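Read the single chain below, which is given as structure tokens and is the form deposited in one PDB entry.
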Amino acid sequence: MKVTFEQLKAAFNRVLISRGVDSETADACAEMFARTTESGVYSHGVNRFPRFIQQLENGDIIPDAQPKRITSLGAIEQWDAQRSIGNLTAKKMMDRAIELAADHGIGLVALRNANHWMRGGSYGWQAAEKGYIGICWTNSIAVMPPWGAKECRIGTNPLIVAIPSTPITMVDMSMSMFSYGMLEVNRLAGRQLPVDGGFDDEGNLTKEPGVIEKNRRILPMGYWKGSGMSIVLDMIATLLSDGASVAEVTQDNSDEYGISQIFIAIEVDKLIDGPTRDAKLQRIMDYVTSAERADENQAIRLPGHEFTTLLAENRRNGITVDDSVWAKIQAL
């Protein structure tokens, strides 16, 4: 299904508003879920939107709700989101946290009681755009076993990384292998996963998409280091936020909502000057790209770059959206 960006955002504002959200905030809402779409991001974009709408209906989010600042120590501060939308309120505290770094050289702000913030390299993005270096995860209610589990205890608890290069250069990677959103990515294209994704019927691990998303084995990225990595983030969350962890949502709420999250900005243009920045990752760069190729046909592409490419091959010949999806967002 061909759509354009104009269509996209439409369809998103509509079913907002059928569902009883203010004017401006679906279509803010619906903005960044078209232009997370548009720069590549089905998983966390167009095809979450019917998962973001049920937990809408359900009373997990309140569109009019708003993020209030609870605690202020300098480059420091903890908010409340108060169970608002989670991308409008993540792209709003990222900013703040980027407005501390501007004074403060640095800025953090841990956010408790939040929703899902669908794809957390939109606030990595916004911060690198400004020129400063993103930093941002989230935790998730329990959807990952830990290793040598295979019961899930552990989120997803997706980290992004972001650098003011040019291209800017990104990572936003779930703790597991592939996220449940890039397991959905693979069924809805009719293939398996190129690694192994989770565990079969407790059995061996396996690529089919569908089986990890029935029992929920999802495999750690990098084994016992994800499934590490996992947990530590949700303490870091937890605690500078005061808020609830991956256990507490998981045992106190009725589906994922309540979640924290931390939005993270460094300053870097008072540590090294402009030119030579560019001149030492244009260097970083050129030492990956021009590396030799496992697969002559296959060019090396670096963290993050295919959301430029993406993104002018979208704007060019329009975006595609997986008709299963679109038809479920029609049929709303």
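Between two forms, the rigid core is defined as the largest C-alpha subset superposing within 1.5 Å. Positions refer to the first chain, counted from 1. First, how it differs from the form deposited in another entry.
When both forms sit on the same rigid core, the CA shifts between these two forms reach 2 angstroms or more only at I212 out of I212, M170, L88, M118. Taking 2 Å as the criterion, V161 does not count as shifted between these two forms: its C-alpha moves by less than this amount when the rigid core is aligned. Comparing the forms between these two forms on their rigid core, the Cα displacement of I76 stays under 2 Å. After superposing the rigid core, the C-alpha of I236 moves by less than 2 Å between these two forms.
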Contents of the next structure:
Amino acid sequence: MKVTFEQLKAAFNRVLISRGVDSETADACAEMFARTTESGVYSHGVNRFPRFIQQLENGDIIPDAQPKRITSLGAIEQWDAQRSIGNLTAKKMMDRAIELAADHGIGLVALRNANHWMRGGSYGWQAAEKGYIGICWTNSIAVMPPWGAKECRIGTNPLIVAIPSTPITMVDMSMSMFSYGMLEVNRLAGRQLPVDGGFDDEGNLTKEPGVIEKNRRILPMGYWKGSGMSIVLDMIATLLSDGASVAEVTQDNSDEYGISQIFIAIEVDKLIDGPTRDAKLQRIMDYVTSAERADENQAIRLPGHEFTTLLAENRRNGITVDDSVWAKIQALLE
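Okay, that one was the form deposited in one PDB entry. Can I see the form deposited in another entry too?
Chain alone follows, minus partners and molecules.
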């Protein structure tokens, strides 16, 4: 289903408005959903709109709610989202971390009682766009089992690291090798994962999507390494925001809400000259892209670089959304 930027935002807008969302907030929120899609992140863009709505109706989200600063230690700041909209509040918090970084060289915002921020890379991206290094992450509900377990007790806690290079180099990864969304994609397509992305009932690694989708034994990136990183990122987000951990949000809440997020912005230009920054960054990037390829036809790519090409493509060949997804959106009307 081929659509337009305005059409997407239009839908997102009216749907929100009819759900007790003030036009202003609705528009702002609808804007981000449309932007995330046009950038190529449909999974957390148009595709996540439906699930985002139901949670709103469930009261997990409060459109009229707004962030509030609790404590200030200088370069670091603890805030309280107060169950506000995920993407909107996160975008503001990263902007805040940038302000703090502007006068401190580096800034950090710990957010508690927050909602799912959709695409994490959005916040790292808006920072890298301003010449700052961007680093952020959040915790979530227990959707993955720690290394050595068969029960889900840790979250996907995605880590984002964006660098103000040209083009922007950014890492936006789940702690789980594959996201449950990619599993469905492969399952529906009838293909298996390129690499082991889970465990079957016998406890053996597998590439079979369906098996993992059922037992929830999704494989952590780097096995024990991803598992470990997930836990430490949960502790840091929990501690600095004095908020809810993966355990708390899972065992105490009715769904995935009230999570904890971290936002970091780091000054760059006041530490390294423009010409030097470009030369040093360029040498790194070319050192990677000029390496002897494993597959000559397949060129080596840098992290996040696709978000620049994908965007350009949609702004030319138009945006295309999954029929089953679009059809669902239309349903939300009337």
